[PDB]
Amino acid sequence: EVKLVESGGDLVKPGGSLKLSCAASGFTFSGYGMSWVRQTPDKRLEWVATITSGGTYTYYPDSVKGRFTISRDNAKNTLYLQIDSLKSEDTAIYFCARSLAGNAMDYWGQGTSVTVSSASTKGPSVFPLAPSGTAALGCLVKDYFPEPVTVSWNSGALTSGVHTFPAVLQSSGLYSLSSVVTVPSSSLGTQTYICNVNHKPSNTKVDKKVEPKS
Amino acid sequence: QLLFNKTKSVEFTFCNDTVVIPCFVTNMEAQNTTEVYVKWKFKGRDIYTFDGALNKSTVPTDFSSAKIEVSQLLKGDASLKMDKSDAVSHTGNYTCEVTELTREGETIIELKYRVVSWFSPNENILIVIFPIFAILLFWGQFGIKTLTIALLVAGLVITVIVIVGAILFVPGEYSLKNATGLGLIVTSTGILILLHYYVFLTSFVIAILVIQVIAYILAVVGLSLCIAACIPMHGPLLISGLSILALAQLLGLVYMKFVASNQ
Amino acid sequence: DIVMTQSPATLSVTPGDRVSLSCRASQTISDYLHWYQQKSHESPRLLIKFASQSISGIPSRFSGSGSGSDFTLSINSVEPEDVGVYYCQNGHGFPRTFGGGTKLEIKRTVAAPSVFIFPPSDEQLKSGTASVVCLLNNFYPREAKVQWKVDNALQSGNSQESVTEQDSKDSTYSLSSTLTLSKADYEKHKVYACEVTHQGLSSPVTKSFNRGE
Ligand SMILES: *[C@@H]1O[C@H](CO)[C@@H](O)[C@H](O)[C@H]1NC(C)=O
Ligand SMILES: *[C@@H]1O[C@H](CO)[C@@H](O)[C@H](O)[C@H]1NC(C)=O
Ligand SMILES: *[C@@H]1O[C@H](CO)[C@@H](O)[C@H](O)[C@H]1NC(C)=O
Ligand SMILES: *[C@@H]1O[C@H](CO)[C@@H](O)[C@H](O)[C@H]1NC(C)=O
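Chains as they are written, first to last, in the deposited numbering: chain H, 1 to 132, 139 to 220; chain C, 1 to 147, 158 to 210, 216 to 278; chain L, 1 to 213.
Isolated chain H (complex conformation):
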């Protein structure tokens, strides 16, 4: 079909700057208007930018005081948003979207996470939740900042029966999160269960062999 891909989200210091990229696929990129919409952690949606098919003309809300600059490389099938002088208020998920008239956005990307904190990133410690007809096992991704961490199972082979929890803000101002999965108890020993924690801002990838304890 159509597919849109944002990247470039990160933890940044306040006042810093990020350049977001959006890879368009499965249509005439240079044929359509494109837009940027962010989603605050309060889960509200805010249109931040819009470019014409031709890249000549751009549009923004007065909300973001001319800090965002949209562009598009029609050759590379890439839409761009330069976000400058970042503030805590800019922490959000950024979506690119294919725009029709009335700025009806009929395709959205998966999103990229921008976080703006005075805090520096601390990577998660990952611990096994060992199991003891159906067994349940998981991962304790503890003490990490900022958000979020992504958890696949067995490289993302294991999706059926997986509950990756909403992270919770602790007393320390670090995050804690568990990812669990219920599997047949028959399988253990005769099947490997690995827990793939990626925390991008701290360049932390743990691949935790989740094992019944000796």
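The hints are simulated quantities; they were obtained by calculation from the structure and are not laboratory data.
Check before you lean on any hint, since a few could be wrong.
In silico DSSO-like links for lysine-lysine, alpha-carbon gap of 27 Å or less [stated by the list, open to error]:
id	chain 1	residue 1	chain 2	residue 2
1	L	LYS207	L	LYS149
2	H	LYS43	L	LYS103
3	L	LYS145	L	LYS169
4	C	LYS8	C	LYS84
5	L	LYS190	L	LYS207
6	H	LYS219	L	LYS183
7	L	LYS169	H	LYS43
8	C	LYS67	C	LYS56
9	L	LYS126	H	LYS219
10	L	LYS126	H	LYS215
11	L	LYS39	H	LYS43
12	C	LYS112	C	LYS43
13	H	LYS219	L	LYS188
14	L	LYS183	H	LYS122
15	H	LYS19	H	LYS76
16	H	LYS3	L	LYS39
17	H	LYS19	H	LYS87
18	L	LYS107	H	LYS43
19	C	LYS41	C	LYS56
20	H	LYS219	L	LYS149
21	C	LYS6	C	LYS81
22	H	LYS43	H	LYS87
23	H	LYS13	H	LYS65
24	H	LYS215	H	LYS122
25	H	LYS122	L	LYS126
26	H	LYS215	L	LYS183
27	H	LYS215	L	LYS207
28	H	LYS206	L	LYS39
29	C	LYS187	C	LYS84
Here are a few chain L residues that sit away from chain C, every Cβ distance over 12 Å (derived from the structure) [what the hints assert, rightly or not]:
id	residue
30	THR14
31	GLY16
32	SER20
33	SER22
34	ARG45
35	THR109
36	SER114
37	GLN124
38	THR172
39	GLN199
40	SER203
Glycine residues also receive a C-beta, built at the ideal position from the N, C-alpha and C atoms.
Given the structure of chain H, go ahead and fit chains C and L with the ligands onto it with the hints provided.
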């Protein structure tokens, strides 16, 4: 907010086969029809919609003929085209709504209709009275010259087919009723040319006759223009010929009024 | 700076039921009004454009209505898949404002939680901390109590709940409670207990264990 080339109203006539309602966006910024949506409204109804994204033109059953030229849309041309039959039944205040990504605009144009059927009031009141005055005058020469049978034989018919010609012509909005009415008229005046040279010469007859012929074929080849299509801007020739034929007839009445008196 | 206001804020419907979501603009925007839905862990997808126009591959059960100021997204025969957040967005006026969002919860039959307990990893213990985890899996309704008992001495202020969003197949919830102690505290006691009370449990269910048994 979009701005337009403001147009108060437009008038169309019976002969306006295809009707055009103007809508011009002066500050259009779009670079593909995908970005654009046009909605034409009449009397609170959506009567034409162009979705750029799908290029789906959609119209009601009451306006099945309506269109805009997609080609010109991105230039600012959102003007509406419809056939005569749809337009006639729907005269009012048309509204054009044009929408881009982040700017929109709309503007209002009143569609007005006027009837000036075939010829303009003054023109179609001339080419009826000159070839009635003309024959009325011939009757004077006929009455004075009598006090042939042939001349009176062909005399009653001429008055009849001018009276027929000049009421076949003047009703309606450019019929073949009118086309034939006027043809009967010019052919009536075209047998009058013969019935005026049916006296019996002086040096005064060969004049009035030759100039009557001149002005006559000027008035027939002066009509060969006009018979084709409504709003013919070729009226003066048709009127002028019939003028000289009226006046030639007038020379006729009075020069003979002089003879039948003075030996 | 037009304002888009949706109503209701939240919503609980029984599948196979019809539902109307309202959206109100602070000024006339004709039929220029769009509707999207967002299922948790997905991004928005367009349902309706220009008040009423359905999109390709949208279930036949959604359609939009209204014009001027007041609008209505109608779901005729809602499904447990339709759990999510619905946003209206004005196509006219500046800027392209979105609505506050309507959360649509699905109602179902009461379901008892599968309850599991996880003693701490020795790895973390050597690290100097012990975390005991308690899972309640696939239950309804969302509300559930959890108490932490250490040698039957009921614990307060050292636990943290987290609730999964509603499933879009089985319309259930899941819940983790993390009990956090130091290595020292943990090694001073024997019995570690999770006490689960939920609507669909005739008696509070306890999962417990003896330290390293
Ligand atoms: C608009 O998009 C189409 C997609 O097929 C493209 O081929 C066309 O040339 C583009 N631009 C214009 C102004 O038509
Ligand atoms: C009718 O024909 C005339 C010919 O010049 C034109 O100017 C007029 O705009 C046409 N259409 C309408 C809608 O009036
Ligand atoms: C869409 O566009 C093409 C040219 O771009 C046009 O010729 C075609 O008829 C349009 N499609 C429909 C369904 O009218
Ligand atoms: C259209 O509106 C104008 C004023 O905006 C008014 O004078 C006119 O009578 C209206 N209707 C028609 C049929 O022209």
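Practice problem: Find the hints from earlier in the document that the structure breaks and name them by number, from lowest to highest. | Solution: none
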